[PDB]
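Taking the form deposited without ligand MLC, here's one chain by itself in C-alpha cells.
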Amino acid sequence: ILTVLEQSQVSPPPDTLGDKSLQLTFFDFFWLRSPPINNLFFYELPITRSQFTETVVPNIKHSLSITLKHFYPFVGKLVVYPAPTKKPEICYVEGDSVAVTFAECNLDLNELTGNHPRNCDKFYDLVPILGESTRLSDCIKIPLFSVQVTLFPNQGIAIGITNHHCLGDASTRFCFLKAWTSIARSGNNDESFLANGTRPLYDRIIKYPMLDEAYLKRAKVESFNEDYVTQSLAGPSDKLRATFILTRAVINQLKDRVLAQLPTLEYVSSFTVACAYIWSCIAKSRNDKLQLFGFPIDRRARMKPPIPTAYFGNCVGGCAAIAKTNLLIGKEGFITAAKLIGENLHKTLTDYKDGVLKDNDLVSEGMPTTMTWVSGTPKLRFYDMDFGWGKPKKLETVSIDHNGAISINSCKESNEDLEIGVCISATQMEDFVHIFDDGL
C-alpha cells in the first residue's frame, strides 16, 4: 500500500565536518526517556513516479546533506553512559548518516489531508522509525532524526520527520527546517541561508550543573541502557484523527466573553482561550472525575539573562491546571477553564521572571482520570515550510496517538487561526465533533 522505493543514508558532504560533540543541559536531560516525535508535512502537486525519482529523490538527498553540515547534531546520536558520572551527550562521528526512506503510497491523498475523522493508523507508515540503537561496551547510541518522503502518484508528497526530543525543542526543529527548505528552494545551495538565514548557536550558555545532575537522577540514567526499548506507532486501531478550527473571529468572541465575566483575570490570550475551549470539550466528552490540562512554554526569552532565539537544544518549560470535570462543562466551564489556565500561566511566568529554573503530589491530592498535554506552539510557522513545491496543504503530529496529547498550531491561510489535532477512539469522536461544533 506502502511501497519502499529506496532506503538511503544521507551524510554531510565529504570533507566538511569532523567529529563533533554537543554537551546537554537539564533542559535536554528531562527528555531522556521520551517517546519519539513524529510530524507529517503533506504537499499537493501533480507529480509522477518518474519525476519523483528523477529530481525529488536527488534534491532531498542533496539539500539535506548540505543542511547537515550546518546542523551536525541532526546527523549525530544520543550517547548515554552507564557510569552515573559521565553525562549523556550528542556525538557526531564521520561516517554517521541520516536514514532517509523514499516510498510510494497508493491511498488517495485527499482522504488524508482533510480535517474530518480519518483513521489514525493510516498515518503510521508515512512516518519513519527513529532507528535501531547501537549498543557498545561503554555506552548506548540512539539516532536523533530520521525522514520519509512518500509519493502519492499524480497527487503529491508527504514528508515524515521523526526526532528524539533530546535533539532539541520545537524552536530547534523550526530553525533546522527553515535552513533545509531555504537550501532546497534555492537549488541545493546554502548561499542564501549563510547570508540571510538564522544559524544555530551551539555555545553552551545554560550552565546549571547541579540541576543537570538532579534531572539525570530523576530520568534514571543508571538503568537507561537496560531499560531502553524502541517505541514506534503501529496499527491496527479504531482511533480516528480529526482537525478542529478556531478562527480569529471565534477566538476573539470567546476572549471577550472571558474579559467581560472575569475583568480582573490577569492573563488572557488567544492561546489560553483556545486551550480553555478545547479543555472544556474534553471535559464534556469524557464525563469523568478530575482532569489535568497542560502545555509547553518556550523559555528562551524569559531566561535570566535571556537566551538567543538561535540557541540550539531544549529550553522549554510547562504549565498545568487541574479541575474537577463538573466545573469544566458548558458555557461556564470554558470560563472556569480560562480562569485556571490564566492564573497558572501568570504564576508560571512570574516564577521565570524571578529566575526560578525548576518546575506523586497526585496520589495525595487526587489522581486525574484524564490528563492532556499540548504538543505545539502556534507561534512557530511550520505551515510555511516550502521545499520548492509550495507551502504544506496539511500538517499532522502523529505522535499525539501515543498518550494524553493534542496538537495546537496556527493554520496558514491565516496565522491568527488555530488548528487542533485530536486522535481518539471512534466511540468518542462522534460526540466530540458535536460537542466542539455545538458549543460554538
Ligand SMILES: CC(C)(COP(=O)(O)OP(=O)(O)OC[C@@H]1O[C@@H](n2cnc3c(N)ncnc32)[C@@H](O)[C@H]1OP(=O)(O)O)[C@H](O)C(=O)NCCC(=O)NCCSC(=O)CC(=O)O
Second form
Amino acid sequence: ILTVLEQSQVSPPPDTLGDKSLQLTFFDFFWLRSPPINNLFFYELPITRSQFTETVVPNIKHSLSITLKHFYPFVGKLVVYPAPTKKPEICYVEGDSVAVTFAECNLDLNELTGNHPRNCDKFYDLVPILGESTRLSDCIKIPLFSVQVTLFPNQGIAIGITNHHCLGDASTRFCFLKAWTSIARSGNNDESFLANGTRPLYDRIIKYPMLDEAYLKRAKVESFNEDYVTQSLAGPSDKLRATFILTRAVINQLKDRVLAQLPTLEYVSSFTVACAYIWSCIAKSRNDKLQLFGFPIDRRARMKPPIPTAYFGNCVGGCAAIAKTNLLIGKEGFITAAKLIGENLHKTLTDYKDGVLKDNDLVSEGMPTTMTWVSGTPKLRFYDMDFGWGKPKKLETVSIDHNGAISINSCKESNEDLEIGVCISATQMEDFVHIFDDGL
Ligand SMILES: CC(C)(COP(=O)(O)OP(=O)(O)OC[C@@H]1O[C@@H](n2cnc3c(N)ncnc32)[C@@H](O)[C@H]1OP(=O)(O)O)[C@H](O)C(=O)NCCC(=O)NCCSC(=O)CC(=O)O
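With the form deposited without ligand MLC in hand, show me what the form deposited with ligand MLC bound looks like.
What follows is the whole complex; the chain from before opens it.
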C-alpha cells in the first residue's frame, strides 16, 4: 500500500497569468494519439511523516505554483476540435490547475532504487494518472501534466511526473524541471531563475503549415473525440524491471572494436555503440526472425536555420534500422548492429542537412517480429534535478512498460556511463541478464 494523504490542485499565483494559448506544429501533431509519459525520480532522505506534511508538501505546492507562471502550457490543456479544419492547440484558462497527489508508500525504498530485477507493477501507483478529459460540445480538453509526490517514511521521496507528449519533448521537460528545481532550492523564489535561468521560448518559429495539415489529417482529428481513451498503467503483471550499466571503459572498448573492424563506417558514437550492444542482446534473448530498432532525434540544432534549445514544444525526428535476427547475434552481431545504426543515422542526419523535413512499408518488405524504440536522453542530465534534498538516487521511465521500448540515460555519479532500463516478462529476464553480462 499506497495511502493517499492529499489530492490537491496547484495553480499559478493569484493575479499573474491571464488566459493564454499556444499554437502547435506538425512536430506536436505527430503525438496526438500517443500514450502518457511516466517518469520517476527517487530521492534518499531520512524524512518523517510530520516533516513531509510540514515542509515538503507546502514547498512542492509553492515552488510548482511559481514555476507555472513561467510555464503556462504545463497548467494548460490540449484542446482538440472535431472540424478537420480548426487545429488543436494548448489553452490555459484562469482557474486551470495541475493535479498534485501526495501519498505514502510502505514498500522498502531500497527494493525500488536498486538495478536488479524488480516487479514492474510495484512502480505504477507511484505515477499519477494524466487525468480525465473534459468533453464539451465544441471540443475535448486533455490535461498535459500531473504530479505525485510519495513519502517512504524514514527513507525518502519519489516524484512521479506524467505528461502528454503534445506538451513537448524531453528538452522541454528538462527546461521546466531546471526552473522548478531552481525555484524550489532557493526557498520558493524565482529571482535566481529570472536572473540566471533559461526561460522558455514561445515564439512560433517553426512555420510549415502544409506539413501541419498533413500530420493533422494523419492524426484523424474528426474521430479523435470519439476514439480518445485514458491509458493508465495498472497491475498486476509478471514483468520485471532492470537497469543495465555500460561503464565508459566498456563503451570505449566497444567503440574501438567497431572502428577497427569497420574502419570506414561514417558514424560511430558512445550512443550508437550502446544501442548496438543492447540491440544484439535483445536479438539473442528473443531468437526471433526480424527486428526493427529505432530512436528519436532532437532536431533543434539540425534545423535550417537552427532552433534555440529553449524553444518550447516538440522538435523530434527518428531513425530506425531493420535486420534479420540471425545477423544480430554474438560478437559479429554487435558489429553488424553498429554498422546498420551508424549508416541509418548518418543518412538521416544528411537528409536533415539537405533540407528534408519528413521522416505500411512493413507489410511489403517484411513484418518485424520485434520492434524496439529508445526512450531517454543521456546528454540531458535529469540525474542532477535537486529540489533541495539532493540529487536523485534513481530515475525510472515507467512508460516503457507500455510497448517495445527501452530507456537509455546517463548515470549521475557519472555523466559518461550509460544506464539502460528494460522491462520484460519474468521468464525472459533471467536469460537477458546472462546475455548482457556474459557478452561484456
Ligand atoms: C541521434 C542522437 C541520439 C545521436 O547521439 P550522439 O551522442 O551520437 O550525438 P552527439 O551530437 O551528442 O554526438 C556525440 C559525438 O559526436 C559523434 N559524431 C558526430 N559526427 C560523427 C561522425 N561523422 N562519425 C562518427 N561519430 C560522429 C561522436 O563523436 C560522438 O561521440 P561520443 O561517444 O563522445 O558521444 C542525437 O544526438 C539526439 O537527438 N539525441 C537526443 C534525443 C532526444 O531528444 N530524445 C527524445 C525526445 S522525446 C521522446 O520522443 C522520448 C523520450 O522521452 O526520450
